[PDB]
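In structure tokens, one chain follows: the form deposited without the ligand.
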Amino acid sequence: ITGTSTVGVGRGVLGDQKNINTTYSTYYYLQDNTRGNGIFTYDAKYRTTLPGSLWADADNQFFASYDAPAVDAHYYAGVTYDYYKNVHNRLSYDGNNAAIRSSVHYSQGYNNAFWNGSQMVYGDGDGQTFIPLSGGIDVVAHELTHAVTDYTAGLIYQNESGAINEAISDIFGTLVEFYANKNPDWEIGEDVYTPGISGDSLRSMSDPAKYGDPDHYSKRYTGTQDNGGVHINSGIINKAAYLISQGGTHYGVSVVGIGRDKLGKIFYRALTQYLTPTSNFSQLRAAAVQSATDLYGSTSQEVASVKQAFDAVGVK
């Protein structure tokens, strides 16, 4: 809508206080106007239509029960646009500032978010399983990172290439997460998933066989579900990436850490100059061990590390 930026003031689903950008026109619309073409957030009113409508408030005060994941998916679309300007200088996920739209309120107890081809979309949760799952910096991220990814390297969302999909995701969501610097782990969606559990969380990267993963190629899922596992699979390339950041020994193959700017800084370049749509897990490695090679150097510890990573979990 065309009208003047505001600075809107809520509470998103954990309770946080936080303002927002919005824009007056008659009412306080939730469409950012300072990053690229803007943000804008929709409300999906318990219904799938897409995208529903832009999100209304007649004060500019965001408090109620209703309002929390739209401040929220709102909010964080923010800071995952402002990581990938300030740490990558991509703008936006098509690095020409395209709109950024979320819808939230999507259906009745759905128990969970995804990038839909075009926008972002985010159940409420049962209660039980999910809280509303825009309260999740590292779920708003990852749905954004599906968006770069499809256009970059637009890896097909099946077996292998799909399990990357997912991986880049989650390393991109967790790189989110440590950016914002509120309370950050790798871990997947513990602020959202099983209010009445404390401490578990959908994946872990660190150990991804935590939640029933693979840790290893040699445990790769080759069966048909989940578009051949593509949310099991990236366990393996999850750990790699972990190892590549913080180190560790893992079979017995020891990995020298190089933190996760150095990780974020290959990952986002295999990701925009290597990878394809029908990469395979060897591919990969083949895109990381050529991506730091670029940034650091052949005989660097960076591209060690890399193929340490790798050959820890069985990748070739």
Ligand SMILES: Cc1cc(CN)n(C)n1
Second form
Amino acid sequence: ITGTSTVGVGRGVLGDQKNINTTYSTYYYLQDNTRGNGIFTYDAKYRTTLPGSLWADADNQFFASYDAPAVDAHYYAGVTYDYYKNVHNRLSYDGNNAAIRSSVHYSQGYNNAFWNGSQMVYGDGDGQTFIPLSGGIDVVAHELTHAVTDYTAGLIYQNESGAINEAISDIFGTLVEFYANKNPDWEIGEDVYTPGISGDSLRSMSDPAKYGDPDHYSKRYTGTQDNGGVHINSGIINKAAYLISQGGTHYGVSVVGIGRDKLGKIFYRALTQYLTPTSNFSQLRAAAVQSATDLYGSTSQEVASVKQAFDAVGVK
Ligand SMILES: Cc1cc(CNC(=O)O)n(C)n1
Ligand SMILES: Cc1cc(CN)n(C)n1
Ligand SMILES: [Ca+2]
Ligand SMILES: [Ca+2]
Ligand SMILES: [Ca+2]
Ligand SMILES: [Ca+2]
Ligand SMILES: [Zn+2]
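Please give the other form, namely the form solved in complex with the ligand, since only the form deposited without the ligand has been shown so far.
What follows is the whole complex; the chain from before opens it.
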């Protein structure tokens, strides 16, 4: 809407206080005009109609329990925007400052979040498997990264190309979590998953097998569930990305780590310059090798480490 930019204050899903960019016109709206063509957060009101209504608040204070998922969806969308702009010189998900829209309170007891082709959508969880999923910065950045992928490589959401799609979202979700520097790790969704169980998460990038996901191409799932295992076989690529950044020896193959920043540069270049809608794992390896060569040189440690990491997970 048309109005003046304001700064509200509220509490997120985990009880932390943060400032949020709002817009005043009669009400205070979750509309951040400081980033691109805006970040807009909507109330789906426990229904499945999208986007719902632009979030309106009478006093610019967002401390009610019902407000918490909206605060975090709005704030973490901003952090993710900042990561892509400051780190990769990318202006929003389309590179042209497209408005970023999110809806919270989607459905009832909904244990998921997604990008629907046009916007981000967050369930509240059932209180047992999940609390409201926008409480996870890695979750928010994972979802917005799907938008980046759709506008760049366009990886089809099935089989190997879909597992790469998923891994790209886990990689950049994790790099955004490190960028914000609040309890960062290489696991996915730990801040909103199973409030009754400490130390778990949906997936691990450093040890995908911790939660049953493959860490080597020979262990890949080839059935039809989960669009051909997109959230399962992502573990193979997530492990390679972890090894590239942090190093390690995996199935007897040693990888010299090169750090998170170079991981991000290599995979961002691969995603935006070399990957295609039907890229498979072998083609991802080639794209990462070429990207590392462009950035650091053919004889660089960075190129050597990309090759070792894909060797370690059985991807040639
Ligand atoms: C309805 C729905 C939920 C999810 C998981 N979200 C994700 O992987 O970002 N998907 C792909 N589709
Ligand atoms: C990873 C994967 C899954 C399938 C079949 N659904 N293929 C051929 N590859
Ligand atoms: Ca209020
Ligand atoms: Ca964390
Ligand atoms: Ca995490
Ligand atoms: Ca938990
Ligand atoms: Zn995803």
